[PDB]
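**Student:** Work out the full structure, taking the sequences as your base and the hints as a guide.
Number of protein chains: 4
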Amino acid sequence: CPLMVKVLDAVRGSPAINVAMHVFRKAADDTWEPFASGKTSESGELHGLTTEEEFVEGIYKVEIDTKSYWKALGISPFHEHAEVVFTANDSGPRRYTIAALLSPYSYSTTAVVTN
Amino acid sequence: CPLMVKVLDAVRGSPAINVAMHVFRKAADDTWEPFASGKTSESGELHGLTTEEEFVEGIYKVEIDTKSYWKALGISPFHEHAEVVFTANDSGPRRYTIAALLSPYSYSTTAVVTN
Amino acid sequence: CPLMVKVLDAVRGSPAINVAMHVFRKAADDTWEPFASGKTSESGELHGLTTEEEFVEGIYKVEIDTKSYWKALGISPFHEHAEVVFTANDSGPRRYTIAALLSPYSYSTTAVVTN
Amino acid sequence: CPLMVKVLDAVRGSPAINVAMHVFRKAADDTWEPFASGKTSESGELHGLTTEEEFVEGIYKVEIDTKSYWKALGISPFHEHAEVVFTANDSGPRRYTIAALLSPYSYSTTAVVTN
Ligand SMILES: Oc1ccc(/C=C/c2cc(O)cc(O)c2)cc1
Ligand SMILES: Oc1ccc(/C=C/c2cc(O)cc(O)c2)cc1
Ligand code: NA
Ligand code: NA
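Protein chains in written order, with this note's numbering: chain A, 1 to 115; chain B, 1 to 115; chain C, 1 to 115; chain D, 1 to 115.
Note that these hints are calculated values from the structure, not bench results. Do not rely on the hints blindly, as some may be mistaken.
Given that identical chains are not distinguished, each listed pair holds provided it fits within a single copy or across any two copies.
[Claimed, not checked] Below, in silico cross-link-like pairs of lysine-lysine (DSS-like), each with a Cα-Cα straight-line distance of 25 Å or less: (1) 71 with 26; (2) 61 with 71; (3) 6 with 67.
**Tutor:** Okay, structure coming up:
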């Protein structure tokens, strides 16, 4: 799995299920080009975003719609979204897991990068 | 001072000093308009970005140049920047403190919103 | 798996491998009684700490030896250990995943609790 | 003020006010001796715990009563407390700021250590 995103809910102590996100890749004109998207599963995970051949060097942005997630729970959150912007594959293919831990006024994110 | 940003370094146990950041505000055409910028002080704080009169309702993005910070310490970090996107002042004027805690492959961010 | 611990390294962007930890359970005299222990695998995970029948209501403490982990990497960390203290199984059995994200001067921890 | 603790609430986007905490110091017999205690102010800060003369080399534990804080808001949280265990002043006197960011099922903590 070249790119996987895992989302956790720090308020309820659960996977964050049905969280929508889009992935973009920076174009030569510095605009954000659509690249991938999906919703987290019942495990809070989004697999199958891309393939090794398609996922080449670039700057990528994962934009996670945390606002809709909290609004569905009756909570007015701080952020419009959680976004994770990173260069990928600059030294050739790697596997990336992006994790995001969500609270109404805070988020934490980390990456696990494996060869 | 209706908007303050504080940045901390989780590797060295220190304020993150001389960290650059840019603040944008979403324009009516959905583009990001430059709003303010600056660098953190020896306390890791950036004060004086805006004024009560200038800091109107809107969607704001704070883009913290974490990459240059880590590269100056000899570390190749994961993220291009740490970004915080939020709606401000939609129920009237508030004071915002945005805090960010930085590691090479991770960041955590929270907001303190006061009336 | 009634109790699993997952440990991540925010400096290197990797699972935290070979991280030792002990689990204790609070006794009636408020002392900490040994309960379980182990080291994280190459995935940063420690499975098989306990069984459903043995893991009953109590206050549990997971004490993760983060100091030895950082010292092995030539880093002088802040904490002696990362500890996670929680009541478990007070409403009958649950499955617990405890995650810890480690930096030299900081740690973040969350729990996923499932029925 | 060689030791200060600041506590933030990630659910409400506010300082965590009136949060109790106890500080212990490890005695020669490996027991935890009471060292200081207090409650956070309206800014989420607890100042004046100790003095330069009293704050000697040692292993210290800060135990933050996060459980009572969440219970007072109607939330049944995961942790009994958030705790921070660290060696202080072993290379000479330092000033320590311990920060903790709280959610019902998660906490993040960092230290700022200055000379
Ligand atoms: O601040 C943070 C604290 C904890 C975590 C947990 C991340 C994580 C990543 C995985 O691949 C599996 C998992 O069970 C958890 C992320 C951020
Ligand atoms: O994960 C975390 C993210 C952010 C913070 C903030 C800490 C902090 C410490 C201060 O002295 C002042 C402040 O405004 C914030 C702590 C942990
Ligand atoms: Na390269
Ligand atoms: Na019960």
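**Student:** If a hint holds in the structure, say so; if it doesn't, say that too.
**Tutor:** Cross-check of the supplied hints:
1. 71 with 26: between (29 Å within a copy, 21 Å between copies)
2. 61 with 71: Answer is both; intra-copy 23 Å and inter-copy 20 Å each pass.
3. 6 with 67: both (17 Å within a copy, 23 Å between copies)
When the structure is compared with the earlier hints, no violation turns up for any of them.
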